[PDB]
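Enquirer: Take a look at the letters that make up each chain.
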Amino acid sequence: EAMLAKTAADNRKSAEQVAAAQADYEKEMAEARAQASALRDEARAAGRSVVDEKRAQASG
Amino acid sequence: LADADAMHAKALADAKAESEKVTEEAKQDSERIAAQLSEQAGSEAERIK
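Protein chains in written order, with the authors' numbering: chain b, 61 to 120; chain d, 51 to 99.
Hints listed in this document are in silico derivations from the structure and should not be mistaken for laboratory results. There is no bait here: all hints are sound.
Listed below are several chain d residues computed to face chain b (Cβ distance under 8 Å; list not exhaustive): (1) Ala54; (2) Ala65; (3) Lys77; (4) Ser80.
Positions of the beta carbon are idealized from the N, C-alpha and C atoms, including for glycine.
Model the full structure from these sequences, guided by the hints.
Expert: Okay, here's the thing in C-alpha cells:
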C-alpha cells in the first residue's frame with residue numbers, strides 16, 4: 061500500500077514537476093526579455109542625456 | 051521520474067545558456083545603440099556649428 065501511494069504521489073509530483081520546469085522556462089525567458097529591455101532602455105536614456113548635454117554645449 | 055529529472059536538467063542547462071546568450075546579445079545591442087547615438091549627437095553638434 062505504501063508503494064501504491066508513493067507511485068500515485070510520484071505521478072502527481074512528476075506532473076507538477078514537468079509543469080514547473082516548463083513554467084520556469086517561460087519565467088526565465090520573460091526575465092531575460094525584461095533585462096534586455098532594461099539594458100536597451102537605460103542605454104538609450106544615457107544616450108539621450110549625452111546628446112542633450114552636447115546640444116547644450118553646442119548652444120553655449 | 052528519471053525522465054522528468056533529465057528534462058529538468060537539460061531544460062535548466064538550455065535556459066541558462068540561452069539566457070546568457072540573449073543577455074549578451076541585448077548588451078551588444080545596447081552598446082551599438084549607444085555608439086550610433088553618440089555618432090548622431092556628434093552629427094547634430096556639427097550641424098549646430
